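J.: Single-letter residue listing:
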Amino acid sequence: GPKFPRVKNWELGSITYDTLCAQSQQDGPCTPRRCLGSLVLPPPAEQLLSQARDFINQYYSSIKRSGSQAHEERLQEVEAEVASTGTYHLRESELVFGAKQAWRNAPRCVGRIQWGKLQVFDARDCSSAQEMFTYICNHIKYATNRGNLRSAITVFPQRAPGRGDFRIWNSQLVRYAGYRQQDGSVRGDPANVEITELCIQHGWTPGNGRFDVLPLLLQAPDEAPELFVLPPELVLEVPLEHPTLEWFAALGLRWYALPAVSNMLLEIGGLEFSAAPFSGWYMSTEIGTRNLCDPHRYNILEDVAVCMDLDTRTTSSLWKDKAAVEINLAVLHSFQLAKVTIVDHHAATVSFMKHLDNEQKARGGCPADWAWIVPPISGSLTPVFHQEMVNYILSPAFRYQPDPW
Amino acid sequence: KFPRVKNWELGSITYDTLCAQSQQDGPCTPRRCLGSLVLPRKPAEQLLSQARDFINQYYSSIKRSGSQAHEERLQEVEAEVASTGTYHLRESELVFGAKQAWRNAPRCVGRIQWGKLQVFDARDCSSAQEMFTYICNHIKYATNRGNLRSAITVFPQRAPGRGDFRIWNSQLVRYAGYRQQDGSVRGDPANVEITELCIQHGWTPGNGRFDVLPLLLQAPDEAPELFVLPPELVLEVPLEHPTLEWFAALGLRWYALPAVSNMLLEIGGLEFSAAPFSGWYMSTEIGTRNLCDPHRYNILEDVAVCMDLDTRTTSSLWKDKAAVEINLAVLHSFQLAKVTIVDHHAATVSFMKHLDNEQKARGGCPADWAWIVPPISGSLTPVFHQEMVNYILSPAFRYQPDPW
Ligand code: HEM
Ligand code: HEM
Ligand SMILES: Cc1cc(N)nc(CCc2cncc(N3CCN(C)CC3)c2)c1
Ligand SMILES: Cc1cc(N)nc(CCc2cncc(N3CCN(C)CC3)c2)c1
Ligand SMILES: C[C@H](O)[C@H](O)[C@H]1CNc2nc(N)[nH]c(=O)c2N1
Ligand SMILES: C[C@H](O)[C@H](O)[C@H]1CNc2nc(N)[nH]c(=O)c2N1
Ligand SMILES: [Zn+2]
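Which chain is which? The protein sequence lines are A and B, in order.
Residues 67 to 108, 120 to 482 in the authors' numbering are what the first sequence lists, from first letter to last.
Residues 69 to 110, 121 to 482 in the authors' numbering are what the second sequence lists, from first letter to last.
A couple of the hints might just be wrong.
Claimed, not checked - Straight-line Cα separation of at most 30 Å, BS3-like style, residue types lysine-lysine; simulated pairs:
1. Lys177/B x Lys74/B
2. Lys141/B x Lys416/B
3. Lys110/B x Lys438/A
4. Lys431/B x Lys69/A
5. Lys141/B x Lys110/B
6. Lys177/B x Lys141/B
7. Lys69/B x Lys416/B
8. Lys194/A x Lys438/A
9. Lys69/B x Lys431/A
10. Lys194/B x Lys69/B
11. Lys177/B x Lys110/B
12. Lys74/A x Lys141/B
Honestly, the hints are just simulated from the structure, not real lab data.
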C-alpha cells in the first residue's frame with residue numbers, strides 16, 4: 067500500500083515502512099541498474126543557505142518551536158550572516174544537537190541506542206596545534222574515565238573560506254605503529270604503515286614493538302603538522318587473557334580501551350568541521366575478530382589455532398571459527414576483568430534492534446547499512462541479520478574526507 | 069560510469085563493465101539502497127528483443143555469430159513471435175540458457191560449478207503424474223548415492239491464457255511443520271503453510287520433527303495433486319559429532335539434496351514456472367540457518383546446555399560455541415556418510431576463484447554480498463573483504479508468486 071520502502075524482519079515476521087528516507091537530501095551510490103551497497107568508499122552561498130535553513134528547521138523542530146518568532150529570527154540571522162561573510166556560525170546548543178544528530182544518522186554504527194548520551198566538547202576557540210593537543214588529552218581523560226567509558230566528541234573550528242583546515246592526521250587517537258620490515262612483512266598493525274612512516278618523516282623516533290602507541294600529527298591552519306606524544310598514563314590498555322586457556326596470556330596481546338575516530342568530517346547545516354574526533358566504547362568483535370584476525374591486520378588466527386592444537390591443514394576442521402571464538406572470548410573476559418567498558422556482539426545487536434524500534438516511532442525509520450551492522454562473526458545468530466534495512470544519507474552527518482597529505 | 073571494485077585484504081582493484089549488460093532494474097535508487105531486502109516489492123517487440131538478445135548470446139557462445147545458422151535462427155524466432163505471440167527454444171539453447179541463469183545468479187556462492195549442470199528437458203510434460211516421474215528421475219540422478227551432481231529439470235514454459243505448471247513446494251525435499259495449538263510448532267516452522275496445504279489436499283500427517291513432505295504438483299488449470307516421494311529416493315544424513323558422543327542422541331538429521339523448486343527460470347523472454355534445480359549443500363545452510371535460526375529448528379540452547387555452557391549471559395559466547403559445534407557435526411556426518419558437502423571456507427575460496435575467472439571472461443560478476451558472505455565467521459572468509467556489484471542479468475532465476 068504505502069509509497070515507501072517496506073521493511074521486513076524475517077525472524078519475527080513483522081513489517082514496517084521507512085518514511086524517513088523521504089528526508090534524504092543526498093544521493094548514495096546505488097542506481098536501479100546496479101547496487102553498490104557493499105563498497106566501503108564510493120560553498121555556493123545558495124547551497125549553504127538551503128542546507129543551513131534545513132538544519133535550523135531540524136533544530137527548531139527538535140525543541141518544538143517550528144514557525145515561532147525565534148525560529149524565523151534565527152533563519153533571518155543565518156541568511157544575513159552568510160550574505161555578508163559567505164559562512165555562518167552555530168549557537169552552542171545547535172552544535173550539540175547537530176553532533177548528536179550526526180551520530181544518530183550514521184548508518185554504519187551499531188551503537189546508536191546511545192546517541193542521546195553524547196558529551197559534546199566545544200573547542201571552536203582553539204587556535205594552535207598545542208591547544209588541539211590539550212583539548213584532545215582532556216577528551217581522552219574524560220572519555221576514558223578510568224575504564225568506565227563515556228561517549229564524547231570534541232569539535233574544533235569549522236572550515237573557513239580562504240584559510241587552512243584544522244586536521245588530525247591520525248585516523249584514530251590511539252593507533253599502534255606498523256613497521257615495515259626488510260623482508261617485506263610488517264611488525265605491529267599493518268593498517269597503520271602509512272601514518273607510522275609520516276610520523277617518522279615528521280621527527281618521531283620509532284620503537285620496534287608490535288604495540289607501540291603512535292604520536293598524534295596535529296595540524297592547525299596553514300601550518301605544518303606538529304607531533305605530540307600522548308602521556309602513557311592517559312592511554313588505557315588492556316592485556317588480553319583467556320578465562321580457561323592459561324597460555325593465551327603468554328601471547329602478549331593487548332588492545333587499547335578507547336576507540337576514538339579522528340579523521341572524519343562532521344557536517345552540520347552546510348558547515349564542515351574537519352577536526353571533530355569522537356569516541357565511544359568497543360564492541361568486542363572489532364578487536365577480537367577484525368583487528369586481531371583480519372589477514373591484513375595482526376593476523377593471529379593461525380598462531381592461536383596452533384596453540385589450541387587444531388587441524389590447520391584443512392578448512393573443514395573449522396579451526397578458524399574455533400580460534401576466532403576463543404580470541405573474542407579473551408577480549409570480552411579481559412576487558413571485564415580490567416573493568417573497562419566493552420559490549421559483545423550479541424548485547425550490541427539486541428540493543429540496536431531496540432534502537433530501530435525507537436527510531437521507527439520517533440522518525441518513521443532509521444538509515445542502516447546492513448553489511449556493517451551485522452557482526453563479522455556469528456552473523457545470523459544475532460537478530461540484526463534477519464532485519465531488512467534501508468540505507469540512505471541524512472544530514473547532519475559524519476563523512477569521509479581526503480587525507481591532508 | 070563503471071564501478072571501481074576493490075578487495076580490501078589484497079589491495080587489488082577491478083572495474084565491472086558487465087553491469088552495463090543489465091536490462092532489468094533492481095530495487096535501489098540514488099536516494100536509498102534496498103540491497104538487504106530478500107524479495108522484490110512487486121508488448122511483443124519486448125519479447126522479440128529479449129529473444130534476439132538471447133539468441134545472440136547463444137550463437138556467440140558457440141563462436142558462430144553472424145553465421146547463416148545464426149541468421150536463420152533469428153528469422154525463425156521472429157516468424158514465430160509475429161504469428162503466435164511467442165516461440166520455442168531448441169534443447170541446446172535451453173541447456174545454454176539454464177547454465178547462464180545459474181552463472182548470473184548473484185546470491186549463489188556455488189557458481190564456480192556453473193558450466194557443469196545436467197539439464198533435463200521436461201517440456202513434453204502434460205500431467206502432474208508425468209511431472210512426478212521427471213522429478214523422481216531428477217532426484218535419482220542428482221543424488222547419485224551421495225556423489226551429488228548439479229541438475230535442473232525444465233517443465234513446459236508459461237503460455238498466454240493458460241495456468242502455469244507449478245511445483246507448490248519451495249524445495250523438493252522439505253520437513254513438515256505441524257502447528258500445535260499450544261502456540262508452538264513441531265518440525266520446520268518455515269514449512270507450516272505448505273504442510274497445511276498438503277493435509278488439506280488429503281495427506282495423512284505424521285507427528286515427527288523430520289517428516290518428509292509429499293510434493294504438490296500442478297498441471298495447468300487443474301487442482302494440484304499429491305505425490306509421496308519413495309523414501310529410498312530421499313537420502314538423509316544422521317547428524318553426529320566427532321568428539322561429543324551425546325550429540326547423536328539429539329536425533330538430528332538433514333536431507334542430502336538441496337533442490338529449489340518454486341523459482342521461475344527466464345530465458346530469452348520465455349518463462350519456465352517449474353524448473354527445479356539442485357546442487358549440494360554448503361554446511362552453514364544446515365548447521366547455522368536451518369538448525370540454529372530462531373524461527374527454524376532453533377537448537378542452539380539445547381546444544382549449549384548439553385555442552386554445559388553458561389547460558390545466563392551473552393558475553394560467554396555460548397551461542398557462538400554451540401553454533402561452531404553444530405556446523406562441525408554437519409560436516410563430519412556428511413563426510414562419514416560419503417555425501418557431498420562443502421564448508422563455508424572452501425566455498426568462499428572457490429567463489430573468489432570464480433570472481434577472477436568471470437572478470438576475465440565477462441569483465442564482471444553480479445554478486446549479492448549479504449548472501450555470498452556466510453552467516454557465521456563472515457570476516458574469516460575472503461569474500462567478506464571483497465567489494466561486489468549486484469545487478470540483474472538475463473537468463474535469470476526469479477521469484478514468482480505462490481500459486482494459491
Ligand atoms: C558508544 C559505543 C559505540 C559503539 C559500541 C559503536 C560501534 C560501532 C561499530 C562496531 C562500528 C563499525 C566500525 C567498523 O567495523 O569499521 C561503528 C561505526 C561508526 N560509528 Fe559507532 N559506536 C559507538 C559510539 C559512536 C559515537 C560516540 C559516534 C559519534 C558521535 C559514532 C559514530 C560512528 C560513525 C560515524 C561510524 C562509521 C565510520 C565508518 O564508516 O567506519 N559511534 N560504530
Ligand atoms: C553445486 C553446489 C551449489 C552450492 C554449494 C550452492 C550454494 C548456494 C547458497 C549457499 C545459496 C544461498 C541460499 C541461502 O542462503 O539460503 C545459493 C543460492 C542460490 N543458488 Fe546456488 N548452490 C549450488 C548450486 C546451484 C545450482 C545448480 C543452481 C541453479 C542451476 C543454483 C542457483 C541458485 C540460485 C538462483 C540462488 C538464489 C536463491 C534465492 O534467491 O532464494 N545453485 N546457492
Ligand atoms: C566511536 C567508535 C566506537 C566504536 N566502537 N567503533 C568505531 C569505529 C572504528 C572504525 C573502524 N574501522 C574503520 C573506521 N573508519 C574510521 C574513519 N575512517 C575515515 C575510515 C575507517 C572506524 C567508532
Ligand atoms: C541449488 C542450491 C544449493 C544450495 N546448497 N543451496 C540452495 C539455496 C536453497 C534456498 C535457501 N533459502 C532460500 C531459498 N529460496 C528458494 C526460493 N524461494 C522462492 C525463496 C527461498 C532457497 C540452492
Ligand atoms: C567489502 C566490504 O564492504 C567490507 O569488507 C566491509 C564489510 N562490512 C564491514 N562491517 C563493519 N562493521 N566494518 C567494516 O570495516 C566492514 N567492512
Ligand atoms: C534481511 C537479510 O537480508 C536476510 O536475513 C538475508 C541476509 N543474507 C542471507 N544470506 C543467505 N545466503 N541466505 C539468506 O537467506 C540470507 N538472508
Ligand atoms: Zn543498493
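J.: Hint by hint, say whether it matches the structure.
T.: Do the hints match the structure? See the list:
1. Using a Cα cut-off of 30 Å, the hinted pair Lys177/B and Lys74/B holds, with the two alpha carbons roughly 27 Å apart.
2. Restraint check for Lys141/B and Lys416/B: the C-alpha separation of about 40 Å exceeds 30 Å, so the hint is violated.
3. The hinted pair formed by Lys110/B and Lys438/A meets the criterion: a straight-line CA distance of about 26 Å does not exceed 30 Å.
4. Proximity of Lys431/B to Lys69/A is assessed by CA-CA distance (about 41 Å); at most 30 Å being required, the pair is judged violated.
5. A threshold of 30 Å between alpha carbons decides the hint, and for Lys141/B with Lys110/B the separation of about 38 Å lies outside it, so the pair is violated.
6. Using a Cα cut-off of 30 Å, the hinted pair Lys177/B and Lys141/B holds, with the two alpha carbons roughly 17 Å apart.
7. The hinted pair formed by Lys69/B and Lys416/B fails the criterion: a straight-line CA distance of about 48 Å is larger than 30 Å.
8. For a cut-off of 30 Å, the pair hint linking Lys194/A to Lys438/A stands: about 19 Å separates their Cα positions.
9. Of the pairs offered as hints, the one joining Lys69/B and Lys431/A is violated, with about 39 Å between alpha carbons and a cut-off of 30 Å exceeded.
10. A hinted pair counts as satisfied when its Cα atoms are at most 30 Å apart, and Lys194/B with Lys69/B does not qualify at roughly 34 Å.
11. For the given pair, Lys177/B sits about 26 Å from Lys110/B by alpha-carbon distance, which is consistent with the 30 Å threshold.
12. Pair hint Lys74/A plus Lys141/B does not hold up; C-alpha atoms about 45 Å apart against a cutoff of 30 Å.
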